[PDB]
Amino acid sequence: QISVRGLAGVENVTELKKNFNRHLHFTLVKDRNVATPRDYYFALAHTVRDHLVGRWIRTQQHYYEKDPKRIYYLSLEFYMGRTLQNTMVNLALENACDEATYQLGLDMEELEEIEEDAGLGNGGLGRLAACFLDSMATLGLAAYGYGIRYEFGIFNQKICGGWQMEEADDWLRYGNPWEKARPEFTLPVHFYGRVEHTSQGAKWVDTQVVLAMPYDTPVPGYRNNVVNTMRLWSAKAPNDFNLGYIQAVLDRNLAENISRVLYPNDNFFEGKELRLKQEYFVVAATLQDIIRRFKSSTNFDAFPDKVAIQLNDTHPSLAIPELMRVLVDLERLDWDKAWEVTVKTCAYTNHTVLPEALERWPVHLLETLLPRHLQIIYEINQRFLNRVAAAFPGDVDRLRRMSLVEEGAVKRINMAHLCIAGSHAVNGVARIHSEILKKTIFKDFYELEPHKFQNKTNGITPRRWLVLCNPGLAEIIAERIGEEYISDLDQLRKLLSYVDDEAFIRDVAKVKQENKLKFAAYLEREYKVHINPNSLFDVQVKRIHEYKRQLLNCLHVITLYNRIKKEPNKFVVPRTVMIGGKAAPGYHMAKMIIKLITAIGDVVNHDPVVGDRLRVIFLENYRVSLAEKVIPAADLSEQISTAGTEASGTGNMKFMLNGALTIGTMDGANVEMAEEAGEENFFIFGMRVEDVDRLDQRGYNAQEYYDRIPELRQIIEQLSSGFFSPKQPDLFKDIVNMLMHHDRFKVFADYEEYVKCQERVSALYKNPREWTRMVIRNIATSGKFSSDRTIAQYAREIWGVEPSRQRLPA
């Protein structure tokens, strides 16, 4: 149908049909009389997977012979979403499979909808990992993602009476045709036990063993025939485990719980033992696999020339003392040489400055669980602090601030400090965030080793985030500038020369229109709710947090509502306000915010005076595959975190790429995006970082805003007095109370500027031609935010490897 989806060659189509029928018969053991749509999905998945395997085997063979430096991307999260369409897109099979399926009388698009998300992450950090794997394969890097094969990923969110309920996400129930179990490469991981000192050094003894079984998933590059591996470990008990009889067998569950479930906290540290076991399990099994591969080429001097380990946040920070343990305890290198190798191997990416996200493990946990690692940690600390003492003699406060060991009722290890001491590079994830690392929370470390600290602004894959989810937009762009921009997104810059082209303005706006009709329809089918597709689609989708200020958005929604009620007969630009995202299960406040949103929707959606001028929708179960649908359909992207709190964001980038305008604060990558498009092409408002700091220095007093802004006061009164909750008048008193007295995120301080700026958005939307021209300027300047750019910068400035666009042979 559309060109970017590749060729439907006669031969190709015939082969796909025959392979489909082969899998349906031999793999699924069905005929056409009994097959369900699910059977059909699986037959297609197996047919497509068969095209990946030869390329997978050739790529892995290529790395064996050439022996390039290998990149190991360690993460507790890989938020992959669906694999089938992505695989078609990257192998250029999309149109052929469309044709083949059509001719067997099936709708490929219906079969696509049957695949479960691989929801092995919370939000930004795990989706980033997924984008990075795509980019590493597209750039020909010898890269491996390593993580945990959780049996249950992020919970499925159901809204019941306006409250979130969590259901287990049983994503393996029907099988995963993408993974290959590799039970032959099972490795032991040790826990508990104790340290004995011999003449022969320290020995870690009387440990409990858990086995780590790896599952490999192929990661295809974009049309280059490279297929890299994502390896996820599963926990299995040893066969002599516990070994009355029955209970010993049933107790195998305690060891296998390690890989059972993803912790569903986004940007929040919970100090539970099972989480620490997860962290150690992935690090220990991964390092042994790393060392094994290196030995198949005694001489550890070359180890950092052959290996890079990237730590995605501090979650795999134990890689540092684990690598020391192996080099010192098992390979018998002396301390200083081991440390040298460790530092040159490891690099740390920080993802947040929020203090509640920082991992600080109680010493007594590490003592019981990983006694040897604790000793290595104290030793790292001592040698590190001796270096601080020598550079800053007499500065006793600096020593206490920089210690890996924090004093207190409970002693704790600061995992961020350990990552910094034990890495040759530390990066933040957007320019302002990296600056903040240098000026505030890692200032002391920056003064000791300025050379360690770098920026690598985040990006997103234009494969998933444009060609896959927005084929119509991909197509009208390709019609003008060709197809090359897909692996070279800077080429979108060529579109600035079409900003005054009537046919292009028309086509951009038509795509948006088609995307909106398609989403409006999807809302009706799967969730029985009726929207005006001529309204402005005002979207905020992301995890529910106080720092993300879904609450600021609510205040605006209520403001529009109160303006309509006051002047019912005035014209207003119609809007559909869509907010979606999951709350962490024990995050009470986040759960109250979901409930407030549904309560506003209960009042606004049923008021006959409002008509179809304003609708408030809560998008249930927000996840990667819902993002693929709602983002192409958006007009306005809400990115309204208090300046200084969103390290980067990546949602902001998805929407820029897909033809939405942005209203946001100067936070995170919003700053770079505004600089790329021009500030006049962006809806910037609110305090800057400097403003937040000024306000904190004299004290934030929310009452001042309440006293001076009558629109704001009316909103608070409505909330307090039961307007949004007639059956429980005081239902929202925690929200009000927090806003008036305990708001770390300064919702009221940004309210006036926000509402004003929202009026400018409305004014521009009345003028379709100028809106679409500003959109074109956004899309045309989104090149920088390709994760292909990000990855090339990690490769050159951290890993010391050269990216390559060369295709391997077919």
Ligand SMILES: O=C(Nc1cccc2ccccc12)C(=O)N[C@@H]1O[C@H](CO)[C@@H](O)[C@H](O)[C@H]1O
The other form holds:
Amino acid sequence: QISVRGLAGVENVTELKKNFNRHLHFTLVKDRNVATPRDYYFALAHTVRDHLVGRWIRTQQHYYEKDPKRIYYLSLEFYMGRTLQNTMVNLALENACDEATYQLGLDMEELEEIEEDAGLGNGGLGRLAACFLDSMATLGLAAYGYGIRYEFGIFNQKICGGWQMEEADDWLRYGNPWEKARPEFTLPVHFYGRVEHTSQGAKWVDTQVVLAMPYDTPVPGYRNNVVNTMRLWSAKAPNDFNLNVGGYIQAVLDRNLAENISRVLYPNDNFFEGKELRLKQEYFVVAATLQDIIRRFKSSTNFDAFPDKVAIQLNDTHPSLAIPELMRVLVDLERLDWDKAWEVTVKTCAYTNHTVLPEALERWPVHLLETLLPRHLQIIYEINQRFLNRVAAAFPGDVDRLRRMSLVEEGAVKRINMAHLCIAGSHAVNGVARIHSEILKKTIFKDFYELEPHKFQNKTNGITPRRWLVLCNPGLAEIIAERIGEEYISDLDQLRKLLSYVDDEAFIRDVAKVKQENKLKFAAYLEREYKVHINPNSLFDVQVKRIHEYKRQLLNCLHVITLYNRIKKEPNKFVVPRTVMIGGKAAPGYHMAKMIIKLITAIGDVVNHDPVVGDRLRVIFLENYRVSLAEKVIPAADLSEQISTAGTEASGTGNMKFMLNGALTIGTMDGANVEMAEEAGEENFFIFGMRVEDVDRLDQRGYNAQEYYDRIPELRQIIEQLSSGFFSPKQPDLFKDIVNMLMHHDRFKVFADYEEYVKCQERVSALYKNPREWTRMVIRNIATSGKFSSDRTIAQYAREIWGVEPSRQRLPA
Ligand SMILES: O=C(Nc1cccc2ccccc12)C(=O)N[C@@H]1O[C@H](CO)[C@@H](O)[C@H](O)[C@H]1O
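Please show me the structure of the same protein in the form solved in complex with the named molecule, now that we have looked at it in the form deposited without the named molecule.
Every chain and every other molecule in the complex is listed next, the one we just looked at coming first.
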């Protein structure tokens, strides 16, 4: 049908059709009479997977022959989503499979909807890992993703009576055709025990053993025949584990204790919980990965070349134990001296920070590390002592610097600051957007920056244009390809060429046509799968991201209530109709976040059923926001809400997805918004609110929310509506916690930005009244979104951190 989806040649369609039938028969043990749509999905998945295998085997054998420097991306999260369509796109198989399935009498799109998301992540951090793997494969890097194979990923969110309910995400229920178990590569991981000092070195003894079994998933590059590996560890009990009948039975049942390590993803976004099971997960992935890394290095004795052959990227502090674990292996097992081992460690490791919020920093109680990892604690103390000697030598007599920079935090409970550990043990520390990276140097890691300025870098985040344009928005990718060709898909800077089409009437019409098609398709999805009815001619105002106070879904809520109140005050006045969509999961134990969801649904309950409002204002809560839902809603959006308090959102990546897909952005000068506005031009962006400097000034003076309440009559009315029970007639005080928080304990200054926000929102409405000028501003956004490709991000990591050259050259098919 469309060009960017590849050729549907006669030879290929015939080959796919017969491989499909082969798999249906031999692999699924079915015939066309008993086959369900799920069987059809699986036959297609297996047929497409067969095209990866050759490339996968030859890529890995290529790395063995050429022996390049390997990149190990260590993360607790890989938010992959669905794999079928992405594999077809990267293999240029999409049209062929569409044709082949059409001829068999099937709709491929319907089959695609059957695949479960691999929801092995919470949000932005996990999705960055996923985009990164794609870019690393596309740029021909010998890269490996290492993580945990959670049996249960992020929970499925159900909305019941407006309240979030969590249910287990049993994503492996029907099996995973993309993964290959590698039980022959099973590795032991040790916990507990004690430290024994001998004539020659310390020894970690009397440990409990858990087995780590790897499962390899292929990561195909974009049409370069490169297929890299994501290796995920699963926890297994050894067969002598815990080993009377009742006693024998119990011993076997207790194997579950060991295997609980890889059972479930911790669903806590932007807050730190010092739970023992979480620490076990962190060590588990670190220990298994480092043994695998070293084994591979040895099968190429001299660890001086180790940093020339190995890069380890730490996705936040979650795999921070890699630092003392590498020290442990090099000192205790390989018998290298401390100083040499340390040189190797630092040159091997690099650390990426993803937030400045203090409650997010990992600070593990010493008593936990003592019990679980006694040797690692000793190594940490030793690292800390040697590090503080360097600080003392550099800043003599500066005693408070010493305690500020210590890896060990004194207090009621001693803790290890894992961020401090990462900086000390890494040759590079980066933030994820320019403003975030500067904030790291000027505030939370200022002392470390003063000691080692060369260590600190920026690597502005990015998103993969494969999943986030070609895959989710084929209509937009096609009209672009018509004008400038297909090369931009792996060279997103080329979109600048669209700037010469901003006055092109055919292109304007096409861009606007594609958006309306996406909106009609999404409006239909809402009706079909959720029985909710929206006006496709309204402005699609969307805020999709995890629910957190800093992201200020509450500020969005206030605006929504303002629009409603204004409508009710002047019913027969014209207003640009809006469909306001808010979606996102709340962490299970985060009361305020759960209250915000309830508020959003409660507003919808009032707004959507007011006859006076009509189809002019609709408030919808998008249930179960996840990667596959993002691929649907983002192409349909007109307005992207990126309204975090300045200084709180490290980068954001959702913002970039929207920019790439033809939505305009309303947002604060926060995270990557700043660089987006700079790329597109500030006049093509809806910027409002306090800047970072403004937030600082308000903090120095003290934020008094009462002041805004007293001076803004429209804001006062909304607060009184909330308190009086206007949005909860049967539970009048339901939102008392929200009001109290806003009025007395708002860390994120919702009221301070309210006026500028509402005003700016009026400017959005005004522009939307002029379809031609809206669309031209859209084109200016799409055309300048090239910087935000994760191909750019990864090439910067490769060149400035890892010391490797990306390559766009094909491997032979
Ligand atoms: O720090 C983040 N999450 C977490 C904070 C605290 C504890 C966590 C525990 C498990 C998983 C994520 C956690 C996070 O999601 N950071 C996000 O990283 C994205 C990718 O760099 C950025 O675009 C976002 O601005 C940032 O909030």
